[PDB]
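*Asks:* Below, each chain spelled out in residue letters.
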Amino acid sequence: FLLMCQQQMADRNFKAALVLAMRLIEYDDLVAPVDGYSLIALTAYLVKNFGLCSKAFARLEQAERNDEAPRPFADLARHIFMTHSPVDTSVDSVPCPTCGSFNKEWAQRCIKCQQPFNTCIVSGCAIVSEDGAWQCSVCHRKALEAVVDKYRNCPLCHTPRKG
Amino acid sequence: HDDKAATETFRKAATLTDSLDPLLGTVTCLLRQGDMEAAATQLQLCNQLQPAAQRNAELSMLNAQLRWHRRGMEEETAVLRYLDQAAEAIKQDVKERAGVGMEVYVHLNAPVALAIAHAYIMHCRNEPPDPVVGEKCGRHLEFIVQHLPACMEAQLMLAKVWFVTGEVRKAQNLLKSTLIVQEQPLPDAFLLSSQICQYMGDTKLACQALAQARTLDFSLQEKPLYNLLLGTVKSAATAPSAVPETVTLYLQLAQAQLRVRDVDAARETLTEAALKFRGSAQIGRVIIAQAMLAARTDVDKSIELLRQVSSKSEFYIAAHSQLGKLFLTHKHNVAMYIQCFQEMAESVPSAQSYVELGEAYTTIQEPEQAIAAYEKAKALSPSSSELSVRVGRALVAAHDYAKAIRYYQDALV
Ligand SMILES: [Zn+2]
Ligand SMILES: [Zn+2]
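If you read the protein sequences in the order shown, they are chains B and D. With the entry's author numbering applied, the first sequence covers 999 to 1067, 1148 to 1241. With the entry's author numbering applied, the second sequence covers 449 to 579, 586 to 688, 710 to 717, 726 to 896.
Isolated chain D (complex conformation):
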């Protein structure tokens, strides 16, 4: 990282022999320094010098590196292709040069190969599933880890995406096993692991996990991440030179302004960050955070915010999943509640929707409609036998003891 002096060294080395690889070394360090213009111009040259079939590995990175800062949000798919263009190539061009290890690691360039995992994770989700690009993030890491299982740097990104797995028992052991043996890296996975345990319901150890991160240093507090996670169990966000990373920072801000009970500051950072992060593909979560506060401010403004998201957002149905929740204990609506759950049931059909709309019919104590919605939840998925238990419980709660016997016998068949 002697970037400025070695930048001329590449320019000497590129003049000594004009080759694509050391030229891309010049583009890499110019990106760190800020000369995106010289970074973009020579990206064109290396694109023209591209080998026709076996596309060069570091070439696709300098495609993905330059575009990520500005075009990467708009190229969240396109740069991911440029990610895939070399990610499979490093899977393959190294495999083309296997056998003798000297060819393996020279085309590996693990700092480039680990930068793929750095690029992939910020493109991927941060939240566990319910009771593919995430797996695509997860597949390439186990590809990196399998050949050389010792390295903790590749382990930590692997141990991270094990949060997406949903095998919570097998994960939290692996999260614990790798963190205790290897002590040098950052411990923030310890907090995140215990918060998954609290997310399941295992809270007793989560109080002690806070101290475990705190044990090594006070330097964690330079990240405001810890202080919130400290308070979970029991200047920085503005960021001038003094996006999904900032989205996690915005989750920190959201729960902070949840706990502090500040109204004006919460709404002011909602407006400001929503203005700055409107173009992001996550603002729906942001606005429903607004909605989760706007219930204490104005119901109708919250409903308008809920209507400010289209069906292209993955959180949008989640938005409606909480918009229906707006009629749970505050609106106490009946007709509007049934309307909303029908809308989200037809918009994105699933067994779970066919379950929770059934829940809607249990909210209004209509037996037959709850029976029907749970029956089509059973019909939608053969993977609804665990939900078929709930179907049976709802129908016996719906006094249909004559047909309860028949439903149970057929389900047992």
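Excised from the complex, chain B in its bound form:
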């Protein structure tokens, strides 16, 4: 996720950047959370949304307080929280395909029926309909048709299409 999460700013479609960035929470062991939460707060600011940025800044500042025992992320957190309204925007925009419950776009499981969803390999959104789901036969991953039609190769394995 990290590569396209960082280059999504170059791709200028900053909406999918947060969807990518909120997928590495479970991957804090492989990549240190101080690396990812910076990007999470950055893309939260760039789309002018909040709430998740508050959690990211809180974890970052707890890490800083663990470190010192002069930090600028406290300055950034306080400056943004006082110069802007720190309230979470709309985050439930996808319903569960099984029980109809609206869940987070970055949710790995349903909040109601607890059913895992396969996530898109490039946009990061959880797939709800298998009709618009493209399954890779080599790296065994799934993505969305509307984005995978643009890419002639898989983002993971870059498997050529047989013809």
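In short, the hints are calculated from the structure, not lab data. One or more hints might be untrue.
[Stated by the list, open to error] With a straight-line cut-off of 25 angstroms between C-alpha atoms, the simulated BS3-like cross-links for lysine-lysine are: (1) B:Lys1190 - D:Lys814; (2) D:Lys590 - D:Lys539; (3) D:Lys808 - B:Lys1190; (4) B:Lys1182 - D:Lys814.
[Claimed, not checked] FRET-style restraints, in silico, Cβ to Cβ: (5) B:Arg1063 - D:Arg742: 45 to 53 angstroms; (6) D:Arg790 - B:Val1029: 33 to 41 angstroms; (7) D:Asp893 - B:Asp1170: 30 to 38 angstroms; (8) B:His1157 - D:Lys784: 45 to 53 angstroms; (9) D:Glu869 - B:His1157: 52 to 60 angstroms; (10) D:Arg790 - B:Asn1011: 46 to 54 angstroms.
[Claimed, not checked] Incomplete in silico selection of chain D near chain B, CB under 8 angstroms: (11) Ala818; (12) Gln848; (13) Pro850; (14) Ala880; (15) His882; (16) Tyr884.
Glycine is no exception: its CB is placed at the ideal position from the N, C-alpha and C atoms.
Based on these hints, arrange chain D with the ligands on the given structure of chain B.
*Replies:* The following block gives chain D with the ligands in isolation, referenced to the frame of chain B:
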């Protein structure tokens, strides 16, 4: 303790004059020898010979003594009444005969009066409180100690229950002061005192405390207690003729099988002792010990063990207090974690629960819910000002700097 020959002596003495007190001497020594039938039959006779209002002191003991071995676990309340029936009487019948000391000590019978402290302590807890029967155990000892402060035998039981006090600084000085002046008794309180210091965080002296018990004799190792406590800072348990005392022995076994990394032996003694000690009122600790191992064996079997305890157990919420801990770093659960902490918050409400459920909301990084749970922790107790500090720290960590000012001003009011 010339029990067998003096048993006939009482039978002679009971025949010389039939009196309740020397008859209860016969019952006492028959209990040591094993004739519970003759011990039970004459308990009935002395119950009928009971003085109607001033109930006899040693009569309630022979009630408590006989029943303790078998019925005492089921009569953990009822024998405690028979404990109380003479414990207050010895407080009172001696007070009825005060003034001249000769009446005081003849109705004292300190070996009986000290046996009350022996009976009380095994009925009471072995663990210090968090950051009444224990006090009831603690009140009668200071009653025993105040009149004759010199005796170390009453001191050691008193110095023991000072572990329950929670005045750790005033305790460990008193634990140290009495043990250094009086050298004859067993030093195992020195280890226990230093382990309270390590429990606070004071570990530097605890390494040397191990040698201090070791200094007197190798005979301590006849108790396997020391060898574990030796390893803490850095045959016997089966017990045939070759219960809370065995519960402390089971704590020894639990930490031993924790350190040794034996899986089969640990599970085998878990099953065996749980089979033998299922009727005890402590097996919840046992099973969560199982759970603290069952996390490395099977999560769902651990959850079933956690469900094998009812709300009547004091460790049960402690069980759930660690069942929630099962979702800390191993299950990594969110919805189930919130569910469990809500269940234990509603089951036994308290400010601390309202604190740790707030901790649960800090585990999932929900600011507003953490604010609310800490706010009702503040609301539940005026004794939560030390927790209100944590409430303030969580809300400033929850970015609510607009209302942080108002919470702080109102808390300062
Ligand atoms: Zn669902
Ligand atoms: Zn692929």
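*Asks:* Each hint needs a verdict: does it hold in this structure or not?
*Replies:* Verification of the hints:
Restraint check: the Cα-Cα separation between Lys1190 of chain B and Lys814 of chain D comes to about 18 angstroms, which is no more than 25 angstroms; the hinted pair holds. As the CA atoms of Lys590 of chain D and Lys539 of chain D are separated by approximately 13 angstroms, the hinted pair is consistent with the 25 angstroms bound. Between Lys808 of chain D and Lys1190 of chain B the alpha-carbon distance is near 23 angstroms, which keeps this suggested pair within the 25 angstroms criterion. For the proposed pair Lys1182 of chain B and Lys814 of chain D, the alpha carbon gap of about 21 angstroms is at most 25 angstroms, so the pair holds.
A beta carbon spacing of about 34 angstroms between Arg1063 of chain B and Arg742 of chain D contradicts the range 45 to 53 angstroms that was offered as a hint. A hinted range of 33 to 41 angstroms for the beta carbons of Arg790 of chain D and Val1029 of chain B is consistent with their spacing of about 38 angstroms. At roughly 34 angstroms, the beta carbons of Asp893 of chain D and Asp1170 of chain B sit within the given window of 30 to 38 angstroms. The beta-carbon spacing between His1157 of chain B and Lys784 of chain D, approximately 51 angstroms, falls within the hinted interval of 45 to 53 angstroms.
Checked against the hint of 52 to 60 angstroms, the pair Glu869 of chain D and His1157 of chain B fails, with Cβ atoms roughly 32 angstroms apart. Separated by about 49 angstroms at the C-beta atoms, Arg790 of chain D and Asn1011 of chain B satisfy the suggested range of 46 to 54 angstroms. Proximity of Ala818 of chain D to chain B holds as hinted, the smallest CB-CB distance being about 7 angstroms (cut-off 8 angstroms). Residue-level restraint check for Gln848 of chain D holds (minimum Cβ-Cβ distance to chain B is 4 angstroms; threshold 8 angstroms).
Against a cut-off of 8 angstroms between C-beta atoms, the interface hint on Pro850 of chain D holds, since the closest Cβ of chain B lies about 6 angstroms away. Hint on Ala880 of chain D holds. Least Cβ distance to chain B is approximately 5 angstroms, under the 8 angstroms limit. Interface restraint check for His882 of chain D: the shortest CB-CB distance to chain B comes to about 5 angstroms, inside 8 angstroms, so the restraint holds. Taken as an interface hint, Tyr884 of chain D checks out: its beta carbon lies about 6 angstroms from the nearest beta carbon of chain B, inside 8 angstroms.
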